[PDB]
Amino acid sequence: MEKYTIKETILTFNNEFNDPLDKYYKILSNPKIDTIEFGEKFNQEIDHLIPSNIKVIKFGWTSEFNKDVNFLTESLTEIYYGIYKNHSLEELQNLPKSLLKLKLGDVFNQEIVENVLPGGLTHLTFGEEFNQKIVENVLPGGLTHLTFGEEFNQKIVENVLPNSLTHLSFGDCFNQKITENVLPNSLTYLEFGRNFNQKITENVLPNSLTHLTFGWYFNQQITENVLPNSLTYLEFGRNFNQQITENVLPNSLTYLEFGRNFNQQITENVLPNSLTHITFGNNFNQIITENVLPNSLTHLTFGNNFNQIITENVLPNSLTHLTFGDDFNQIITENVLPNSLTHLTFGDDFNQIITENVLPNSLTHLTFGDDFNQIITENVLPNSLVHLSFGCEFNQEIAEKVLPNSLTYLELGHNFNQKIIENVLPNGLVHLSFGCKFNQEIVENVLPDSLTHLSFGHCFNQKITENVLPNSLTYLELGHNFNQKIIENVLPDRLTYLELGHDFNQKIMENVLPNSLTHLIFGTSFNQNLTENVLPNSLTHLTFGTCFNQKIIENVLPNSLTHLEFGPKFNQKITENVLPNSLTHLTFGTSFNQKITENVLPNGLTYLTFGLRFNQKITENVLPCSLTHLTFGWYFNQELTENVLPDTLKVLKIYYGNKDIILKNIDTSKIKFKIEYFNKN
């Protein structure tokens, strides 16, 4: 929060770092760093202050840097400038001939002429404001990637783009005609920006283009033999809404995406059989008939407005993924969904009855939307289904033979609150999740013993008695309102994770928590005293919630515990032999402010974090002898001495505002550990 940081090869300065570099040469000469990342505030000379090991200088788009730069290392290969950086043409002419990748500053807006940009450059990106003409032999001859900024809107004529270019991206304002032989024969990716709305005729798109993306305003017809036979990816923009007739989409296309406004009829022999992915935009709402969709289609996504009926032999037998939008709510009868379909997702509005042999026997994943709320009877859900998710409004009874034996994942939605009796949930269910409103009794032999994960929503607040929870349960999450006593022989023997909710605040007696539990999480309200042999001897992680503020005496915290987190309100004395010797990570909450004497903190503790309000003196032989990471809070305001800190210490985390008081008696220039500062904002 007040430093620089090294990761892999990239050194990143602080986002607030604005200091001269004269003294960092040593730091920057570290032979394992390739790049420097500067931030928002840095605005200092970098001319002769950069060793030649760093080959990439990335400034970050909001950088405040605007210094004249004329002596970059002749080993630089990449540099990217930010929003406030300008250039003179001299500066660009002084760029090193090693440069391969360049983003110009966003202020720059002067005509670049011949023999200015580095000749060997391969990647060029113009700044936001650049909008000057470009003529022949201006762009480096071996350029491969060219990206224009927002404001560029100048004509591009023949032989200005290198015949080596593969990637071309226009910005928001570009809107000039593109004529024959302007786009290089090597181009593969072409992206137009917001305002491009110009006709595209034959022999304009090269024979090598694979990816074509239009932007917001493009809305011109696409005629026969305009799209090359190499195109595999075609994405239209918001406004494109022209009819696509026969033989205009090439026979190589695999991905087709429409934008918001496309809403034209699609007849036969328009969608090439090669297409695997089709996505419609928001407004498409035209009927699709029998032999229209390609026979290779695997993925089909409708937009929010689509709501036309789908009859037999419309969906191809290749389709595996089908996703409906908000508005779809048409009846689906028997032989409509192909027998290849594995993933079916409905949108908000779908709420039609689904009868016997509508859902194909290949379906593995069925997701309903907000409104679905019809009864589901026997032989409706197929026997291949593993994953079933209901939406907010489903709230119908689920009878015995409704859910298939193959189901492993059941998620019930916000409003579901019907009774669940025996032989409803299939043996084999692994994940069961109840939504907000579920609050019905769960008696025994209801939850399948195969279940491992069980979580309840806001409202569940029913008793859990004996042999109710399945034998294989490893994960139990209780919700906001759960506040019932948990008794002996309720939690099963393989439970490792138990999370209690906001309201839970009942006493826990001795043989309640199983000796398999490793993780215990108390909610906001828990504030009951914990006594001896209550917490099991397997527990490694203990987290207290907001309100827990009871004194912990000896032989309460188990001898297995490694990670202890107190909550905001915990503020009780901790004396000798209370924290187990196994502890390695200890975190106090906001309000803890008690004196800590010697022989209290386990010596094997490695991570210690005090909270906001802690402010007690630290004397000798108080801090653990193994401690490596010590963090104090905002209000800590005590002198630390070198004889008080253990020799193992690696990192001390401190509030900057109080450094002068905390480090009064510490030569920062002779310590073996690293000091990290934090701010209030």
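Note that the rigid core is defined as the largest set of C-alphas that superpose within 1.5 Å between two forms. Numbering follows the first chain given and starts at 1. Compared with the form deposited in another entry:
Put the two forms on the same core and the Cα of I654 is off by 2 Å or more between the two forms. In the core-superposed comparison between the two forms, the C-alpha atom of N643 has shifted by at least 2 angstroms.
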Contents of the next structure:
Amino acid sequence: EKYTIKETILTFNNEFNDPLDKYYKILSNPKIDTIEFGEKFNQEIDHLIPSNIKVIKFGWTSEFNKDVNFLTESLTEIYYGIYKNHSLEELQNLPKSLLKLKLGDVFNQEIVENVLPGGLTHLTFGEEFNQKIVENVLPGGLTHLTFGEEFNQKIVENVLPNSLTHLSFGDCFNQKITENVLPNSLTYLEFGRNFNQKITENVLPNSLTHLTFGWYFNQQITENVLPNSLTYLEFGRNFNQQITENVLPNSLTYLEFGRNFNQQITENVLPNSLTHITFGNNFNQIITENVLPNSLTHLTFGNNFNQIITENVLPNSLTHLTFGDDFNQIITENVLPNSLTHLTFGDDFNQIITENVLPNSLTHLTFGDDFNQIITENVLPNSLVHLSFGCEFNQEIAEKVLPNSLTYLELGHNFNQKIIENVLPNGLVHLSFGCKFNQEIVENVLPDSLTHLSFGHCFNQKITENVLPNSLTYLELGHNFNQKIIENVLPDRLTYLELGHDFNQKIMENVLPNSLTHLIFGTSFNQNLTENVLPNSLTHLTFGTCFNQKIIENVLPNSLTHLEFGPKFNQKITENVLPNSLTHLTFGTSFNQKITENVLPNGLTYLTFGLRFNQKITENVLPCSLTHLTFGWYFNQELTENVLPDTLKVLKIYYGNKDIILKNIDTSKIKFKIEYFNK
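Any chance you could show the form deposited in another entry after that form deposited in one PDB entry?
No partners, no molecules, just the chain.
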């Protein structure tokens, strides 16, 4: 039953439902233009909203259903939810200044002359609305009209305002749209699910730039139907009608087909102005020679497309080609254009790719699941910077195979071939081995450029001295990786280290480098940490599930700011073991140990206890700078005001214990905010 204020947007609780009689002062803040209400709020708001607010958003979930006849007369916007009806009295009484309105979902009465605000520009009907609209009903200056799920009434001439620019139908609308019905101002028209009528000549206006049909629309588009202003055409799921010559306008830049479209496309049907085609799922027709437009930059096939791509089929303008799930046709030499920079294959693609097949412009190559053919020397272009192999790829990679220019290499699940002296390019920045990779990585194989290196599930080989490159900043080790790290192996620029589930080997002194700031232990690590192990630059330490070793003086370094113990850590912590520098401490699920005076650094601002912490808090234990205290479910101890710090901003407690936790706290005069959580 509290409010959360943002820059201008006051949001209430989702179970708020308190009369607004005692909130006038809060809402009278002269820097708040809007109010958000949530689910359970059902209380009067007629005389309870000041002049400074310009938006009431109720969000679609609201249970608000009260008569509203007195908003402000200074509102410009209001949006209603699922349980709101109206009388037309109530519609006549929304304020003369209003610009943008969404009606309640329950509203399904017939609107007549001079009811909805004259000056209105944005109108949105609810779910249940399915009432007839006649000539001078909608405001004459309206620019945005949206119909909801159930509306299926007829629309006849001179009814839609000649100012209208965006008209979006809902699911049930399936009435004929005839000549001069749509305004000559309309730029967007979007049909919904059920709409399935012929569109003839002079029905779409010559100002229309966007047209989206929906699920069921499966009517033929003939010559001179679509306007020459049109840049955007998106068909929906069932449209499967053949599209012939002089039907698509010469200004069209975007075109997307839906699932069902599977018709042949001949010459002089795809306009030369097009830069983007996205094909449907089922599309599986032969694309012949001078069919595709010449200005095309992006081409995307569907999941069923699997037809041979022969010489000079793709334009020399094309830069992005994405294949679908089925595509599995041989690709020969002059098939892909010399402008093409991006290639993505799909799940099925598994044909050989020879010497001069891939163009010399190509920077990005993504293979599919199935792709598993040998890639030899001078196959991959010398312009390539990004290579992602998929799941089934497990072929050998020889010496001068991967181009000089390569920066990003992602190897797949099944990849488990050996990597020797000059396989990976000098210049490589990111390298990611997948699941199965478990071959030895010896010295002068990983390049001296590499900054990011990540290993997969299976990788559990030794990493010896001077294997890892000097310019490495980021190292992620995988599930099974459980080999000891020794004195001079981890490089001197490494800031980030993540150890894996299995990693449970002791760490000696001069191992973790003095550049390392971020350290992540995995599930199993449970080996004791002693003096000068952890680096004096380290800021972030995250322990995994099973780490339950006691910490002593001079172990956690005096730079450390974020510490997070894992589930099973439940060891006592005494004086000057937690560093001066600490600001965020997070106890894990099972930690249940007393805290005495002088233990948690005074500098500490965020403290979180996990599930099981249920020990008294005596005076002068909680840090003096603390701002966010979070307790766990099982914490059942009284708090007093003199044992909480003067700087506390937020206290998080379990709801079901509150009257036990705050038994000695007068909540009517706290200077902090109680956040609850529940079961």
